[PDB]
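Visitor: For reference, the chains in residue letters:
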Amino acid sequence: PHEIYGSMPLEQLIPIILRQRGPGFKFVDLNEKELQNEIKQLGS
Amino acid sequence: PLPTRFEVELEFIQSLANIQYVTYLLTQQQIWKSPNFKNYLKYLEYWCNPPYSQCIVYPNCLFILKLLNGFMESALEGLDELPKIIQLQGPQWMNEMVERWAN
Amino acid sequence: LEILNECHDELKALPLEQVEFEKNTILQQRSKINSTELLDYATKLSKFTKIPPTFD
Amino acid sequence: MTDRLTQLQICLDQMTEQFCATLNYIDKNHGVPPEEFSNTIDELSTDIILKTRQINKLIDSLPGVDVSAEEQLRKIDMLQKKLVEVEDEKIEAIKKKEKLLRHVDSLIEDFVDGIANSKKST
Amino acid sequence: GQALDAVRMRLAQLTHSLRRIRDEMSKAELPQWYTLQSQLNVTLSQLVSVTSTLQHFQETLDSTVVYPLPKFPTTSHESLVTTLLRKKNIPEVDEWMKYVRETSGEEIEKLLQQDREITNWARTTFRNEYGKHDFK
Amino acid sequence: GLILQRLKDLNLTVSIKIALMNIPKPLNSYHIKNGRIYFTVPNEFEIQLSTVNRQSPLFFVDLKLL
Amino acid sequence: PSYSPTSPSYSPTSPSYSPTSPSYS
Amino acid sequence: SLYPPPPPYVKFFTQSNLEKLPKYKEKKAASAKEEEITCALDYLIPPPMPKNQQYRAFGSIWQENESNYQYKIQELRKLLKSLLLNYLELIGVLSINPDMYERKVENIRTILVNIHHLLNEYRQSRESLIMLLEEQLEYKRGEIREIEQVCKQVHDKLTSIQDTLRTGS
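Chains as they are written, first to last, in this note's numbering: chain V, -15 to 28; chain P, -3 to 99; chain S, 876 to 931; chain G, 668 to 789; chain W, 52 to 187; chain R, 12 to 77; chain Z, 83 to 107; chain E, 13 to 181.
Worth double-checking, as some hints may not be accurate.
[Claimed, not checked] One-sided and incomplete, this derived list gives chain S residues near chain E with beta-carbon spacing under 7 angstroms:
(1) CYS882
(2) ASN909
(3) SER910
(4) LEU914
(5) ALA917
Hints in this document: simulated from the structure, not taken from any laboratory. For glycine and all other residues, C-beta sits at the position ideal for the given N, C-alpha and C.
Could you build the full structure based on these sequences and the hints that come with them?
Guide: Here it is in structure tokens:
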């Protein structure tokens, strides 16, 4: 599963992140502290 | 002599690969309406493992039934699009079958 | 700094963990299945998958 | 690339077709001038001989033509073994390459921060 | 050919009206109710005219015999030929009138004449009722 | 997965790009975070910017009023 | 002249309902 | 009709039968401690493999480290030489007394048929496995070697840059 995520260039990853986060939320609005936060919840 | 249930179920599975057979089966209302047919379809899923898979003649139906499996949560509607979609998606589905077996 | 940055980018482009899971999956898939059944099935499909040039 | 077994089948099919064509020419031409007929048949016989020699040079060139399949079995088994070790070695190779890569990235970041706070120090 | 030509032009204008009502319904915003009524009535009366004209010239349509062109290639256009050739109804309408006949279910003839006399009696009764009160 | 180092590279690219250009003294207050650069002029505004490529120029991302 | 031609409204995706039954000999 | 009817037992198994299958098989196993069809739930029990390990269909029968061949080679060579010799003798028969030519024709075919038999024992799946083996092996070696080549050239460039900046100090 992670093979596709790790094998795609950022030029195609950006639209994927944009569609995952929905409209309005830019690809850069994500916070690193917030990022490690949801990483912590998903790791549980 | 009377063939065993192995032979008839294997021949049914291998005949499921035909697009005309699938279109005819889905044409009738009571075939899809009756839960018995879909229960048998899910029962047939256990042939994807050896040594049963060694006895198959056409591996394409292996995905088709699985595709038919998807049909229970995708809807009948889509029956018209079945020949076009199988013709269009034959390449990639054959490629994934080859990846599952030939590798 | 620029040129070493593109060197870093191109090195990162060539793959880490994903390749080793894929190699693992290959190894247990190969170990699980015996070659006899595979060769028998290949011989039985050689007639169907391979279109002979003399089949009108 | 083309497998030599497929080439062997193509060669034998071409040989059969050549014999059929030669005998058809003989059957439909016996009676054409004798000199032209003899020259054409000499060409056909040279073709027969050459086809025979590609048959001979392909049949003896089949690796494993004179090698028993069981030592192929051991060589293939040890090939997958040494393969397992070679992707293992590639695993350590790529992990240490990534290690040196982000050492380089860390020094890049430190140098960039030094540039930034030096040129804003005045 | 004249009858089929008239059928052609009228059905073409009917299809044009259908395309119209289609591309004014496909908009994300619904127009005013009155425009929809006007389009509905015009297209539906046009369908009535289609039915009436098709009724008028049944003999010309029946007399015609269908035959593919010598120049038309069937080897490459057999799918297109079969598309127009097929005529079986859509299934849902089929079981629709099957359930309709199921619900409906010398005796039949005398019920038929009883229906005749009820129809005539009701017509005469409403003529009398209309004549009773001056509507002008 | 890849998002963390992508954002770190975006921050590095933004930092080097702003090092390329001589920022004004009133704009000396800048912050780098999450692939974004923040310029907060007090009682005036807070502008957040970013870039896609090192050669590509900066583009507007977000703005807040003070 | 002709104000506008008709848009192609072909429906090849239509599955058709041809009854097939006299196949057995 | 063109399409044969579905199998009959398919219609016997509803959702209730599926959900009651566990207790049914438990009871069957407890009682047990060609299968006769005494209950409608018998078919969901997996069918047993035939003891003969054989399957018949349409008049035809069906049923380790890869998971004197010189005698066959010389037999094939002598068979090819004899086939050429018999072809020459048969065409000579056609030349002089063709009326009995067929008397040899099928004979030659038998040798050809024997050649096909000589192919049967030589049957090639292992050879295909070998050829695929070396092609992906050499492809992965090429990829690997270009990887260390490119990383080594990057490291050499980095060292050259380090020397250049040290000289400028």
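Visitor: Check each numbered hint from earlier against the structure, then list the numbers of those it violates in ascending order.
Guide: The structure conflicts with no hint, since it agrees with every one listed earlier.
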